[PDB]
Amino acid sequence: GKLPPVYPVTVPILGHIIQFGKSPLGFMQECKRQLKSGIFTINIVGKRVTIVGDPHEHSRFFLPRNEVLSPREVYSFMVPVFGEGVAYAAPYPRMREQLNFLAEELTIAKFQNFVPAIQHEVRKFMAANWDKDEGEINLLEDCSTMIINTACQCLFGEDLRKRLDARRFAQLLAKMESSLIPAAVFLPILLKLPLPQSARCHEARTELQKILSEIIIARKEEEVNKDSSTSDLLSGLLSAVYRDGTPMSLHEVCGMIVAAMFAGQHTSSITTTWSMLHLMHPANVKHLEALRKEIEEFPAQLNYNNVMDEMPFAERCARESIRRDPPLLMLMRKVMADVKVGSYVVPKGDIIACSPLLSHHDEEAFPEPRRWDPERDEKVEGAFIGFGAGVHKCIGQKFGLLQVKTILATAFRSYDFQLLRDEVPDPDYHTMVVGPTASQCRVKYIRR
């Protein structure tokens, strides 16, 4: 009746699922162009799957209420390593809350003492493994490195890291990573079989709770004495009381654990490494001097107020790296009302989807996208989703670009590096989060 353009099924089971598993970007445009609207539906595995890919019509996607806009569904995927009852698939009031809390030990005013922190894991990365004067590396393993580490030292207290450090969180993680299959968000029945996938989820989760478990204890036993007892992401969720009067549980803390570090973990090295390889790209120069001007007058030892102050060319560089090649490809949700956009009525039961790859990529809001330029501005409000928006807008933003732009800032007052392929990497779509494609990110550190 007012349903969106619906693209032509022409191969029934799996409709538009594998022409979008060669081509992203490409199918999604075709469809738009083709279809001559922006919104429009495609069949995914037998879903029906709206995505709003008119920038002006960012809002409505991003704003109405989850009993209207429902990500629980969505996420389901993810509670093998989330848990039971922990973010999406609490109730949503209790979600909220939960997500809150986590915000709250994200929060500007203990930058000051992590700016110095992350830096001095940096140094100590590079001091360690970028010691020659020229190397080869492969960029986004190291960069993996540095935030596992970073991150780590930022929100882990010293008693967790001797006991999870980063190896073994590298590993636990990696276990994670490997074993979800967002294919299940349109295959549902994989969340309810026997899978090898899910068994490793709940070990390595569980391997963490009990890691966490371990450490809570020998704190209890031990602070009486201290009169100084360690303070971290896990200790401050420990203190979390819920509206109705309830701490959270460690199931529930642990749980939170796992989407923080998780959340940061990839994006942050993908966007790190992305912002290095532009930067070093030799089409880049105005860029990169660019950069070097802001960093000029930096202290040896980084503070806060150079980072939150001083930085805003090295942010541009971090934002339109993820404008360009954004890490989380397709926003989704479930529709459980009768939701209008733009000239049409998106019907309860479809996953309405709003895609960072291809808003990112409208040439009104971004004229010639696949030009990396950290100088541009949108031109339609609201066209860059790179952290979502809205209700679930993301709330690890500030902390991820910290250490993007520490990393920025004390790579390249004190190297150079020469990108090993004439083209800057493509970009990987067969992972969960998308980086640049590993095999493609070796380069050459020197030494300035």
Contents of the next structure:
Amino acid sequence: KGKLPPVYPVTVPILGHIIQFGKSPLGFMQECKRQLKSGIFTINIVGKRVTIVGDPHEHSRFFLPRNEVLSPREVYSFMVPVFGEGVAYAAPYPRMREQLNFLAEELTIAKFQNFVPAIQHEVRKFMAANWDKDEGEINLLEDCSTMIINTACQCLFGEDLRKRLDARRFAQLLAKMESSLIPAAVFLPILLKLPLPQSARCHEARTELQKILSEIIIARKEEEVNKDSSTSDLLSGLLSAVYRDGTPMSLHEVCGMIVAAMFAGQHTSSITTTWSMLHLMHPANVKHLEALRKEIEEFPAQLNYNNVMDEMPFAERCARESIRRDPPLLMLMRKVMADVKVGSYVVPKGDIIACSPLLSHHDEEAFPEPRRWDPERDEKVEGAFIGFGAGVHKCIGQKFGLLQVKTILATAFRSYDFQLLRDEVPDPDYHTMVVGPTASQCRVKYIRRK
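Okay, that was the form deposited in one PDB entry. Show me the form deposited in another entry next.
Partners and other molecules omitted; one chain follows.
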């Protein structure tokens, strides 16, 4: 008609709903939905209006509008010290698009031919070193997370870079950058103006990463005209990029794109793999484990691009459904740059507008019995699954992430069985920025198959 979305009653006058949300984001959001009789509704976070598009039939109103209407820039501004000035959403939108296209072109299926054996190579090296007995106890989340960083680095970076900057040194740098982030800055923008110790720690880590890239580039040139170097990887691909205006990507921007790529996939991919395995080993899912086993039954010892990309539709369903049930990114946000009509409401300029994969993936029309993990399900409302976003800002690394998840699944389950050390699959742990299964609950027995 022309009215604002209904607003959930504020009881705590300075914090709003941040506390209820924090404690149980899904339960809280579902209560709002019920109490207000609407899938579109507004909550209050430290005094800021957050309008949630909690009706899957209306997702396109969030994902499809152009940047001049719904803008991610100010929402992702707390990440500027990580990406760098002029990198990603910080750059003007045409330029940001060019940068993200360059990244996407480093993740083409043509590059995937080499990725599959690089991934499988590192997975087997990990398994040989760590899962080496007849049977043993491990933390699956920790191990998947190691496999993901190692396989990613094996895929994206030449041996010279891995030497100087091994998955271990790389993780420490990225952890330093990450620990300095303050996502609360979205709702308290005053924080991006203050002096914080975080700024210096982040800039320290980013500068050191960029120095190591500089030294790698110089080392390659030393190899490079000798014909002794012709190392081709994500670093050299990005350095070869030329913007429409004729200019090359600066080292600064390359660094930023590499950091962005590593941040994007590190926890999400590793959480997707862990949940998938947790489900697949649970006795209730024995039928799904059999289907996976039949899917990979006749794969060669050394997997090829055809096996993983074209011949694992069921494992793909396992991964997507794990993200459907427990999406690692709970909430996507944009700044409303002009009034937008959404369902029967106007969401006013200056609002934050959000669409929550967590809430949408538990819409009971779209996903009946949403806590039941069922890889065979399909969304019952078109576009209801948004675990990788959609439209304007849809995930460009979706295929690369799934490639790693699927390769690990086929390699692990070909050689091992696993046994939960609990009756039920882990609870999600909502306390972190990227949400995965509770770490203390992820201990598992592996059993070598013979």
